[PDB]
Amino acid sequence: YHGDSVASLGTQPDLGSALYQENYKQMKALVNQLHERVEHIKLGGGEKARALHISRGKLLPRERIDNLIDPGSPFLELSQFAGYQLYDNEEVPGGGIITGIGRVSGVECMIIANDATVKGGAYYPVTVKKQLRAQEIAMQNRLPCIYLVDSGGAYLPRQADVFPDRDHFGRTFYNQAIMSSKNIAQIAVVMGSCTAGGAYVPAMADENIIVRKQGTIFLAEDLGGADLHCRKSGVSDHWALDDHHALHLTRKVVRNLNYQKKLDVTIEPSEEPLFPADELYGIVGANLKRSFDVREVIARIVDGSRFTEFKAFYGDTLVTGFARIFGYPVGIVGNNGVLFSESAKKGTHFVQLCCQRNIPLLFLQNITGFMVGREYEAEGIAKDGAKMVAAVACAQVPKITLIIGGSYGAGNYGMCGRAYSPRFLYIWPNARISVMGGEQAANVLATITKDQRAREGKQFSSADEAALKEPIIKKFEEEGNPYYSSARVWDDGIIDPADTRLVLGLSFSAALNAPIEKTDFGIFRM
Amino acid sequence: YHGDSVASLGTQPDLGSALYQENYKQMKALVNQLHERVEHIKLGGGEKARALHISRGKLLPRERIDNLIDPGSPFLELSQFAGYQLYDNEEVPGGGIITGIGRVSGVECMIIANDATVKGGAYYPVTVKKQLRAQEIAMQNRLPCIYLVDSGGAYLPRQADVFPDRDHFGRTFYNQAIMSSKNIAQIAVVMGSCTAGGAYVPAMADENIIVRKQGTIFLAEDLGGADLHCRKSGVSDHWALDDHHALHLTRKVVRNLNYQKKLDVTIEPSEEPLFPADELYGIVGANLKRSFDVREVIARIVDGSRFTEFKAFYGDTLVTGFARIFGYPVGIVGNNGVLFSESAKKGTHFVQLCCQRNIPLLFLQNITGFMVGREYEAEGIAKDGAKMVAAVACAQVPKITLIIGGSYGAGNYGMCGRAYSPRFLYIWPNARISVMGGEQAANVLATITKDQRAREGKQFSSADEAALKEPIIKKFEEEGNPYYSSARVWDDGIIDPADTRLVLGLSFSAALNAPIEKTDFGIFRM
Amino acid sequence: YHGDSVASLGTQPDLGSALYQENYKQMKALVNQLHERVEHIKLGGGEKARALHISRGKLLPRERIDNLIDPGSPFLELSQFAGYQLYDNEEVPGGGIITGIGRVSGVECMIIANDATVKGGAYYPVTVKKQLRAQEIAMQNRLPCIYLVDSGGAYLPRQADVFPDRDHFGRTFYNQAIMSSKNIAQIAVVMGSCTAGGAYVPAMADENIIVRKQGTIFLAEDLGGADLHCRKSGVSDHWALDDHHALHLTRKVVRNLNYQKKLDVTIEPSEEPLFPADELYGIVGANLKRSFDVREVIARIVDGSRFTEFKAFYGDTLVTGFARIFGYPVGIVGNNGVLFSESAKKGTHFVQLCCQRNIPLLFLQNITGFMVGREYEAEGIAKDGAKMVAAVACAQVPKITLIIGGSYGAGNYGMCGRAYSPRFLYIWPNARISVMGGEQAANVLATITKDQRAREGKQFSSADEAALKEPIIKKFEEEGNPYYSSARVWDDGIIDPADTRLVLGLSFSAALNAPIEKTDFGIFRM
Amino acid sequence: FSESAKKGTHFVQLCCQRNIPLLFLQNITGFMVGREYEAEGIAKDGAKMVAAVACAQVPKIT
Amino acid sequence: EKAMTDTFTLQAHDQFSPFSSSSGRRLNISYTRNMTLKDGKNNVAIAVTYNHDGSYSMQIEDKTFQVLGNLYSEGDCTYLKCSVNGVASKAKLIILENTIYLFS
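Here the protein sequences come in this chain order: H, E, B, L and A.
Numbers 23 to 241, 257 to 563, taken from the deposited numbering, label the letters of the first sequence in order.
Numbers 23 to 241, 257 to 563, taken from the deposited numbering, label the letters of the second sequence in order.
Numbers 23 to 241, 257 to 563, taken from the deposited numbering, label the letters of the third sequence in order.
In this text, residue positions in the fourth sequence follow the deposited numbering: the first is 377, and each later residue adds one.
In this text, residue positions in the fifth sequence follow the deposited numbering: the first is 519, and each later residue adds one.
Please note that a few of the clues may not be correct.
[As the list claims (entries may be wrong)] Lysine-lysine pairs mimicking DSS-like chemistry, simulated, CA-CA at most 30 Å apart:
no.	chain 1	residue 1	chain 2	residue 2
1	L	424	E	204
2	H	299	E	348
3	H	382	L	420
4	E	50	L	420
Just so you know, these hints were derived from the structure itself, not from any lab.
Isolated chain H (complex conformation):
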């Protein structure tokens, strides 16, 4: 019996209020800035490179993905901003590689395609990291991997950051071998030149497809990717006339995987939230100093804006409860202020509940600056904050993290930061991430100097202090920008707040391809 009437979250914001008008205007500008930058990245290398690419009869990398996935199906692209201003004088749109999750023959798959128009498809250090992140996502969720291979090899000027280390180019083949041993299909389509060391990617794949004239595989047509590779050498499993033919063959290969998705969780009919998503612009804004009720964000992403809060009046700075997104059950943990001992205990209790019932967890990070409280006897927080860091780490249910505000210090770890292997991590265009907030850092620097100056007896003037402080503030702002963080692969993308519900729905759906394991906890330091 599911006919019980229940209460719903959310309230109607005051559209006429000046605060709402200002917050909407600021957030809208950030979203528009995000959109137009992606448009530029969409063009890859440029008109001359794109014209040359098409002149050889090859499809553009994004057109290949469009033809590969099922007609009209959504495509979840990841790390669109990798390599954004990462290198001083070189522009590398998207890192030279396009990765995302789409549906092929009704099966969710991870698609990894080299962008040959960007530096001829050479592998920059960020390119390796982006690919390795994609492989990690595919393995953790048991998603078949499809490699649209068109590459020019490693970027020699930066070889030391590509070749040698464990998380360097060598790890790519290690991941392929491991996934194959686990029956996670590895499919490679050589749609262009495969350079030295990239010839392994077609070979290490379970099934392989090579284009007749364009494809070349060699550790050019005669040496590799030849009819020799297809027939005499036997490296090729399927022979394709052109790019369209190869993509058609790939869809057939996936259809023969003999795989059917099975769900471990209970399912209920989906319902839209009771409030518009675009109202999040006015509610949240771009000023991290102002505070908002995280429940408002929840009310606009969960099915029917229905939410069962757990321990509502205890540790109120943290909000935990049960909801459903697109029918899936989810346990939501979101910050609503500074973390306290009660908040950490409340979170630790909640995480155990979700792990016991095998319920996916969603974290909404919005940590607060220390301008309000200098110390507050933080020693008490240390004893309890660890209990949450330890429960979150050991949890085996799928975990997704969304940074809707600040993310500073140990608060990042307790809320399932990147170091704690959430299945996905997304950030809103207004976020900031740093070891500490910029102002606090300045104060700390100031005290040390003033006191040391005092030992010398030299006077640290008021002007002297300000001069010291300004560079520090600037560095922190520059390095906490959402773009700096996404340029390196610290998150899986910057998403428009109006798209939060859709992105979460796609992400949780993909994460459910793998069975949920039993959670084993360490010692809880009572």
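Start from chain H and add chains E, B, L and A according to the hints.
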């Protein structure tokens, strides 16, 4: 019945030969250079810092380890050269942290001690990587972790490379939580100030020891590490009067772990090699262009110089066989020339044999430059080299890699490079590692330029070519030096060739603390 | 293909026959007596106690259950007669506790509610036993437990029978901890005062609900059950305004258990029996000396009165066969006379068949007095009766026992008595249970006395013998009455024969919530 | 006390992790010294120990 | 409520469990439900007793009524066929928000 007489490897070198005299002289100089540099690193921060450290009643970090381990037991230190010239103007001896494996109360444990004399124990980016490597070693071999905590927090000027990412400081607590859940004991001894974010390390430990006056734990004595932490807060499990008392308590804690080592492999009595180890100086030398028989190296490290070669006459550029080191069975794979299709097939067959019988694997990397052969139809090698990369990756037996020569290109991957998770990786002082050898790179660069110059029609003069080539050669030499590689944590240390047998014996003994699992292979592309 | 026509059991009784008229009249009187006694127990403590209970704004205990379960769903109450005349001068209707199985949010749950109107909710010795029986039922069938806590603590005058032993009050918390470790949800709703030692019940629960003004938890409002307990102490997970609000919250909590029922058995469409159930009154009657065909009872409870008899002509005193009740498959074992060696062998063979196919077992106990046969060389029976006692004990399929007649001696054990952990045990209002029948006991006593009298030579007169015999007969009758047995918790309730099919259907449905395990047998003494 | 119950709960987890048998020496005190001492605090923590002791699978002797 | 129960039962594996019935049955006693309905500004208390035969005995104030009926669909409109104290009637039933609409 084990009374059968068998043949033994090795031959007596010609000590009078000029080649032997020159090779011994060159290798000896490298070893002497290695020794004196370690002596300097042994001193840590310096006399002023060391004097200040002792003036507070605290033991020096290396004296702490000496008192912690069993009397007279050997100590296997790791990554002694981390941070060597890594940072432009800052000297960070050993990365500010000392890690190694020693015996405590008869149990092999991983010891991780902060060096407070180096930058006050602040965490540099290399410091985090060194600690994370130590934790990875402890988990893979089920070694209890002992943290001698005396730290000053993260190095703010380089925060972006310490805090945020998955392999950044946050991962340290994640590793502690995971090992605790697996019953791998985590013991923390706070022998000095624990700064913000380091207070978690005592809390996340299974058992904790704090010194009465020196120790402070706070997210100074009143705020944390107080009798408050020991009694009022309860974060402390044991209370110690001084450094000597704390080390005595630590030994008692380990003795109560209720752990006993069990061996999965057959054991035979140990025997010394039939040839002196120091002869390796003359045999190997420092000139990578000259070639030597890897069997000579094997004859001087295995018990009794006894070796059963597998497929001796097939793919002779690779040597594979069975031997024993300190009684443990080992399968040895070593390069004896350029890799061929037969060599890769022979290696793949051998690795399957060792995995089937649960025999540890040892790799001796000495890959050859392409000066001898420009291409040799390397396309054939690609089809087969992958079969070895794929077998080596999936092998679950303990793997140890020793680079006794060059390590270039895909040959590194096939011989269990760093990317393939060998339990340990060591390098001799004469090694070089790069994407390709320096000369080849220059030639490649030259061709591209000469041809492009030809399209312009501008003449690329002979002088012009040489000028282009010289910088490239220099870069490659600088970046392939054993010191560059060890300064970053790419290997676990640079070892004297005369110490090869001892280091391997200690490493394999530690690796046997974990049970050997069954190996699951992927698809072998026949 | 299930279109085969089959034979059906049952015959039309002779309604005009004098025996049928007498049997119907006697059984009807027993049923009417049972109904009116339950009506009195329904009132609990009484009008004054009930008026006081409502005056405090609290719902009556049975009204709470009505509001908790799904609208219109049946409620299977257990042990309605616990404490009936158990204590000399104290009336304890239902033992002071109401237990049963009902559907909450579509999930079958065990509901345990204290009756505050009975002795203020104090725990009598029978009260502990009734609760422990309910917990045992919930654990064996994986039914979530809901505790409607309104209690006054232990009854001090009888503390020795409540506190100390293994099956005393302490076991209640032990059961809660064990079920929680098995993911059998434990939900506590404090709807009234929680006394010393009852404060543990809210704390030991996975999720907890407390009423704002009425609830008090303390090992009154200020000390416990305070806003202090809800917020300051954190013992409360949900805060409820009144009894109605708390019951609404409980339904929400169960809906979030993420549980879905799965059936291990094959299912077929249900069909009503071909004969009226009320005819069982005439067929069975109340005279245990007369005999009836157990097949008649079977014909009126199984779907379509369809029954496949196993070994019909061998050991005819026992009836075994396959049938279906409400679509579930069931193997039925029922007595049809004195047990013989052939009957025991036939039963042992049948029980192995059901265990092999994972078919639930139903036992219909009607053992016969020894008036017909004094000994019949019972030594032969001993060798075989054990084979059945041993097979029945080890069977892991769900077992339900229904006593429709006598239950004496070792025949009780062979037919899955209370000592053999049947999932449920019910008795008809006409049953008798004892070590031996009353008459036999008297004879035994008589012989001993007469013979001993003979040794003395004193004459044991005929009158003397009768005088000795009469008290014994009386004791046995008093102690074998269905009410004596149900007052103590030896069975789970006395049920009207017309309700037999419904009770069995509800019981088997609940028992199927747990997966059926493989049966491991001991040594069969051939 | 609350601290005593927490200390016991921590200890029992340690023994169970290492598979160490547990021995209990019961000597509980009368309430002549303390009438109540806000025993409500004890209830929240005493349960944590009752629950750890019950689930422990190492041999236990009292 | 009975229709909602049937709708839930449709999606369950245990299709024929007796718990899915809307009999409101108890052991050795009869279930009486206290319902409250508002007519205009007046609250009406109705005591509904679930009979074994499937009928309902409703008491409002001092008067008792014997009620039995079922729901049937004509086109898209649900119809209630009921008999109160032996008087049979048909009406269109719509339950929207917290208001019960009966059209006869």
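Verification of the hints:
1. L:424 to E:204: holds (23 Å)
2. H:299 to E:348: The given pair, whose Cα atoms are some 48 Å apart, is violated under the 30 Å limit.
3. H:382 to L:420: holds (14 Å)
4. E:50 to L:420: violated (70 Å)
Violated hints for the displayed structure, listed by number in ascending order: 2, 4.
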